[PDB]
Every structure is written in structure tokens, then in C-alpha cells.
Amino acid sequence: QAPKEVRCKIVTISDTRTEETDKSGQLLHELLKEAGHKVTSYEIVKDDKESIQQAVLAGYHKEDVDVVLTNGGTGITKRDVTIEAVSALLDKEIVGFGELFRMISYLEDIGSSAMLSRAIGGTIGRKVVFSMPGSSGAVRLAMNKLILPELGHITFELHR
Amino acid sequence: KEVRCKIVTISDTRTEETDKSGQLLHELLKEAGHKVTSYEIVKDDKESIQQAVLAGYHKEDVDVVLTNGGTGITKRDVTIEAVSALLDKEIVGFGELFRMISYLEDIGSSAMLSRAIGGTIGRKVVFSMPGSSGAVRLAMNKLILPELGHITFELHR
Amino acid sequence: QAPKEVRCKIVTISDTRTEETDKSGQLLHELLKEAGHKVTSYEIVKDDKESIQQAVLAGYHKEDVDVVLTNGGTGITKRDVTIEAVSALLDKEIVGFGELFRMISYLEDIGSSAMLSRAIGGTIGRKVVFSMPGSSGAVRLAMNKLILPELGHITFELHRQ
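Protein chains in written order, with the deposited numbering: chain B, 9 to 168; chain A, 12 to 168; chain C, 9 to 169.
So here's chain B without its partners, still in its complex pose:
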């Protein structure tokens, strides 16, 4: 009867970003607001597995949070642990997210660089989590091409 309002927690994974410099977290808020959704939780967490997992679970336990969106901490180096940290908490991995994110990035944005891109999405109970790279461009593509178009559908399916 009306565009469902999805409530989300934004998590920016970085050892250096602050509220004044968190461009990607700010972008996530603007994209969600414009799409008719709401941000009910936001925090910048240190870049380590335990901090990331704690932030995701904190969002999960918040009554007014339906989805957890994280950005940053991804990469091919040993110090990049976002994907592994989040993967460990997922009930079911929505593999199509990471796959299509890379495919679309390759064809429409960064080309071959997308080969090194890492992203993951999945469910935890009746809620969902999407973890994307930290650049604003990665965030914008993932949100506009994949997440925003499906948020309402996913939450609906998980709550039924």
C-alpha cells in the first residue's frame, strides 16, 4: 500500500575515519534517506575482526534495525578481514551479491580492478547484512545496482 520503510544500521570499518571524514557512511545515509528508508544506528568501528563482528551483532540485536550495511576493511592483504569476519556470522550467504557486484563493477565501472574487489551479503535470522568495500564509488554501485532495488523484497521475505 506504500513504499516500505526499511531501518538500517550503518557501520564504517576504518582505523582512520572520523565523523567529519566518513564520506562513505554519509553517502549511505543520503542514498537510504532519498530511497525512503531510515538510519537508526551508525558507528565507525576499528578495523579488526572482533570489532566488526560485535558491530554487526549489535545491529542484529537492535529492535529497530532490519538491515546492517558495512563499508570498508576489504582487500586482498592479510590485514583485510571484513569478508572473513562477516562470513563467520551468516546463516546463509547470498553469493549473488559479491558475484554481481564484481561483474557489474567490471562491465560498468572499474574494469579489471573488480577482480580484486571483495563484498559479501547474507542473512542472520530474519535480518540481512551487506558488506561492501570502503570507497564511495563501490558503495554507490552496490547500493544503486543491487541493494536499494531489493531491500524491501528481502526484508519482506525474511519476515513472512
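No false leads were slipped in.
Under the rule of at most 27 Å between Cα atoms (straight-line distance), these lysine-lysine pairs were calculated in the DSSO-like manner:
id	chain 1	residue 1	chain 2	residue 2
1	A	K31	A	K41
2	C	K86	A	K12
3	A	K86	B	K57
4	C	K41	C	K153
5	C	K100	C	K70
6	B	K86	C	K153
Far from chain C, by Cβ distances over 10 Å, these chain A residues were calculated:
id	residue
7	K12
8	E13
9	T24
10	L35
11	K70
12	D72
13	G83
14	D88
15	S121
It is worth saying that the hints were derived from the structure and are not from the lab.
Think of the CB as a built atom: it goes at the ideal place given N, C-alpha and C, for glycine as much as any other residue.
Using the hints, position chains A and C against chain B.
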């Protein structure tokens, strides 16, 4: 090369009279020059799914097992996990290309949620796809049908 | 600065090929040289898990080797073990390599056959490994579309890490 296939429709609600996808699989195979040697609608639970796949594997006149239905992102959708546990080697390109093609040529972003898996079991192969006839049609026309002969040939060498 | 010269080891997985008939190994060398890179190690290894892993680790331990590139031994049958053999050694798998390799192969070269193609890329310490099918067409695509464009950046990222 007339590949023999078993068709498994995973559903708690479909019947022979309403199984569109199972019927479509029949038609697509027939038109392609292949044959259906086994068919059944099995309840939607992990054990019924696995038993149906293994039943096809153990049938002398079944080269390939094709299943449709039971997929999804919810807790009660277990097809991919049920079938994955039985595979010797996963043909990862099936699920991947199925989603890529679906995204580009059909359902767009909805494909991000689509689930499908293919792989080998001994000298046989299994392909599990979503339950809608559209998913079945795309998977068969774009990926499975053109490769059935090639795969069975490679596995029987 | 200047185009960094990456040092690579070429591994051809085969029970029949010889240095004279190794068409794919020769192609890899050519592509790398024209791209400004260098081959500091090369060997044709028998097609079995243990030989493949040994050849990859030998490359890792070689002081003047930054990247290991293997071709051959891939397939969907039980006797094709390259991907599983290499996968067991990787610290972190660069999933985008295999995925994009198949996607591009589908769209530009072999269509549906790409569904059966197998390839894997990943890191071992501060070094990287890419394993691709043995056909010249597979090698050409993997190298031109994905590896060559990113070699410099990858090694750079891993050297600093």
C-alpha cells in the same frame, strides 16, 4: 547423443496437473533430442531431495539429474545445501553464469537472490535450479542444453 | 617512476608436453615479455596434486619470483586436480579471478562452454598465484583481460601490505 535425464520437481504443493516447470523441462529436453527416463515431485525437505537425487544416480538409464524448486534465501529453502552435500565436484560456473545471465537478460537485480548449483556425482551430473519456469527456461537454453552432450561425453571417457 | 618489472614463474602442468611443444608456456612468456615483465623460473610438471603443489611452493620460495602462473590440468573430471591442489595452499583466494574469467569467456569467446571452465587465483604470503586452463585461448584471455592489467598493482599492494 541422446542424453537421458531424471526430472525432480521439489515442492510441497505441486501435482502432475500443476507442475509447469517439470513439464517445461520435459518439452525442452524432447525438442533438443534428449529423453526423460524418470520423473517425480518430491516433498520439500533436505532428505527427500537427497534421496531423489541419489535415486536418479542409481538408475542405469539416467545420465543427468535436473531439479527445480526449493531454492530461496529463507531458512526453509534447503535445495542448494541439500544437493551441495552430495556433489563430488561443484561446477561453479553454472550458478555464477546463471545469475549473470539472469541479471543481464532477464530479472535484473533480483538475480542477486537467485540460487542454483551444478556438479558431478561419479560419472553423472546434477543441475539444480529455481522453481519458476522462467528460471528453468533460461538455465536450460543458455547453459545446460548446449552442454549436455559435452559433459556426459567427458564424464564417460 | 617507471613500469615495474614483475618476476614470474611459469608452470605448465602436463604429462606429455615438452619445452619444445609447450605452446601455452611459450605464449605466457611472450605476453609477459611484451608487457615488460620477466620470467625467472619455468618448468613443466607432472599432472598430479603433489607435483603441482611442490612446483607452486618452489616458486614461492624462490627469491626472484613475485608471481606464479600455472596452466593446464583443469577440468570437471576426477583426474583434473589443479584448482583443488592450488586452493589448499592459498592464504586468501581472489575469488574475482575465476568468476570474471568465466564471465568474460562466456561473453567474448566460448559462450556456454565457459560454464565448465576452471581457474583460481590467490595469495601465499606476499606473493600471488594464478592457475588457468591450458588452452592458448584460455591463457590469452586470462592474461590480457585480467592478470596483465593488474600485475603491477597486486604485487605493489602485497609488497607494502
